[PDB]
Amino acid sequence: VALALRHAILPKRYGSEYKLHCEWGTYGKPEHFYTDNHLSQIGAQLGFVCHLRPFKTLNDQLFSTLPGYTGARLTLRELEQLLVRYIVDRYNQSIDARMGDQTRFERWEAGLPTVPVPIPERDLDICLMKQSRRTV
Amino acid sequence: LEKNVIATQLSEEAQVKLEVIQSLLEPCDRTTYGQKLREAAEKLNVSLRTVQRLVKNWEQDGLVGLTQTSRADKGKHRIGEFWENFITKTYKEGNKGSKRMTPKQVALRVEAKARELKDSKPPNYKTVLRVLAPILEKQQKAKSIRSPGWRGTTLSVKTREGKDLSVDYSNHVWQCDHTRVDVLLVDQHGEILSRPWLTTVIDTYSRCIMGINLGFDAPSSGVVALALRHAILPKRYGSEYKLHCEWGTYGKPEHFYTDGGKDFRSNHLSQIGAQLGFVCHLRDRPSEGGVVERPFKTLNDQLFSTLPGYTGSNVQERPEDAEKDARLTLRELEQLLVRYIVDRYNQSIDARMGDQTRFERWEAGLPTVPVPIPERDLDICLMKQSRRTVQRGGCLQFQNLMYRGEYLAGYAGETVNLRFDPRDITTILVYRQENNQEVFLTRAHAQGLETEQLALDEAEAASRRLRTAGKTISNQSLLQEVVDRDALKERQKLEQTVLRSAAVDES
DNA sequence: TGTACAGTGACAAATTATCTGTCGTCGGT
DNA sequence: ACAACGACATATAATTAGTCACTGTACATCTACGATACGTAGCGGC
DNA sequence: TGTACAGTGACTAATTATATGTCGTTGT
DNA sequence: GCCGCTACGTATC
Ligand SMILES: [Mg+2]
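Residue numbers (the entry's author numbering), protein chains in the order written: chain Z, 252 to 287, 295 to 310, 322 to 340, 354 to 418; chain X, 29 to 516, 524 to 542.
Honestly, the hints are just simulated from the structure, not real lab data. C-beta: ideal position from N, C-alpha, C; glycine also. The reader is advised that the hints may include incorrect statements.
Each computed PhoX-like pair below joins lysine-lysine, with the alpha-carbon atoms no more than 25 angstroms apart [as the list claims (entries may be wrong)]:
(1) X/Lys84 <-> Z/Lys280
(2) X/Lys31 <-> Z/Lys263
(3) X/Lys132 <-> X/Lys120
(4) X/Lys191 <-> X/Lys104
(5) X/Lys31 <-> Z/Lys412
(6) X/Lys166 <-> X/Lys124
(7) X/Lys31 <-> Z/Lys280
Looking from chain Z toward chain X, a few residues come up when the C-beta cut is under 8 angstroms (computed) [said to hold, decoys possible]:
(8) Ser298
(9) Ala302
(10) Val307
(11) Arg404
Can you build the whole structure from these sequences, using the hints too?
Spelled out as structure tokens, the structure:
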């Protein structure tokens, strides 16, 4: 969960290999974060409140169509590329009935009271995985 | 540079502060936020000003701002600098050279100076240990430092010249050094001899053991010449070795990289190298050649520690029964050690790689299959007498022995290069310079000894005895001073007899 | 960038003496 | 009238210096020495 | 029941950087 | 005065 949070917060900066057309432009600290002491520390470290639906479309629009769908081979990295391409150029470019004019990304942008300032990368190190002992 | 800090093991008090901060994450209104502070002052038993300080420490540091920071004096000593420098330098001077002064002894030097200065509070011994503690840990750490290793197929062996040899393929760089084995052996009668010497020749590209010599004999340019011919010539072992794979390893190095021992920095090895065409090189430190030094630990660990008569790696680990519990002769130990090298060691995984055996990597690593050298052309192993001159009557003098040769009377007054075998000096091969090249001349023979065989160390021991006996110099006279000392024992002769019995089994 | 094997923490899988229910049974009131 | 910050005084645990009982480990003949090499000097025979 | 000294945990006294109040001042 | 064989000094494993 902390790794998913780190990604969300930081700028994305994806490689040419994903062959994306659109930019994944979000970044930023929320006011609240809802989840399934560690996450509450992270909330207190970063300054937001921890509390304790794109699945339907991932299945229909991406996964059920892929090699090896569990009712051919596919590596983890390839699946990531497919998933990012789907999210940056299709899912977030879709318009819901409740938005009408604006896409999921556009409404996101459109609704901000202000452009947040990116959190320097180091302040998110608390999210990363850790090995506790190594010898130099 | 970047400067981040992260808290860990937070909870023990801090979870109470964390729950207070979680209750305070938002300035909801000037009316309500003050009430939340005055409520949090029930969970922490402290005033509004303590909770306002906690919130400021949190906002400026994050989670470490909940934890109590260590005092600014932590690791500083209250005794004053004079005593802190006196104690540190006293220790250091007292462990200079061979001196090994203990902290207790440093404390005595502290009480001695304090008495001179009329001090009343010389630091206590317990505080001397504490002041010297950091500079002891450093010493222990500086001994313990690990080094990584060559990783993958690329390896650059450092020489004493500061040049690195890039090891590109099998037989590009062989390496050689010598070790005592850690087992006391016995003669064929079951009496103690001595711990053999083992020589190995390792190819650096494959780490396969390309040859050995095992014997009671001393490191010598002779033992190195024997290790080289065993490494170079194709190998054959009988069924009494019970081998189940073949040591199919042979051919000639391009370079030979060694320690600084007088066996290797010698005119004899240089003459072997110049005739075989390989260049000798000097190992810069005993840690650049782990390719040769680590095989010797593996053999202690995999072979020799499990044999009777084992002596330990040093005198403090010597099994007290080693001198009573010796059983093997040199012929048994070789029959075990050769098996170990052919069936186990050369068939084990090359550790840098993880997916090849040492032999498989050698065989696949040849740039081409080399042609076996006729055993007669391994004569180059012969030692050279550089500049002896032919006497009138077609004669040569060497080691008191006098030699006669089939065309040699044609060259009285001239200079000839004599090639000889330290195992058999009865015969001498004579070469001469012509057109600034060596040309072969003749097989000179010790006159009246054509039916007889003398090794160099026998002619030498006979000459020493003959000099001190005051008798005359002649071919027989030297033979006479051999045959009584032969017929009539001394450990070196007893060792030589068992070593000979192994060489007989090689024929 | 020494080297390579013996020994060692951290973790996953198979096995088992043990903890928890549920009901039946016996004893006390 | 409410919230934030400092000047100052005051109580407080963290760190260090010192004390003392319990305990691990060397004292127990023992590495200067053997075995090569080169490099140079010397003894009498010629 | 070997032996006797250097090093070490468990505890305590001395020193001090630091958290806690109380109130004055400033901003809102 | 010139030249093969011994003997001592120094270095390293
Ligand atoms: Mg050596």
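Evaluation of the provided hints:
1. X/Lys84 <-> Z/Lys280: At roughly 20 angstroms apart (the allowed maximum being 25 angstroms), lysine 280 of chain Z and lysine 84 of chain X satisfy the hint.
2. X/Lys31 <-> Z/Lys263: Holds: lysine 31 of chain X and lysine 263 of chain Z sit about 23 angstroms apart, inside 25 angstroms.
3. X/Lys132 <-> X/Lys120: Given pair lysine 132 of chain X, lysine 120 of chain X holds - Cα atoms ~14 angstroms apart, limit 25 angstroms.
4. X/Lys191 <-> X/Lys104: violated, 48 angstroms
5. X/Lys31 <-> Z/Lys412: The hint holds at about 18 angstroms.
6. X/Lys166 <-> X/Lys124: Distance ~16 angstroms between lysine 166 of chain X and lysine 124 of chain X Cα, so the pair holds.
7. X/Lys31 <-> Z/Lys280: Distance ~21 angstroms between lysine 31 of chain X and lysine 280 of chain Z Cα, so the pair holds.
8. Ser298: The hint holds - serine 298 of chain Z has a Cβ within 8 angstroms of chain X, the shortest such distance being about 6 angstroms.
9. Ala302: With Cβ-Cβ at 5 angstroms, under 8 angstroms, it holds.
10. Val307: Result: holds, 5 angstroms to nearest chain X Cβ.
11. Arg404: holds, 4 angstroms
In this structure, the one hint that does not hold is number 4.
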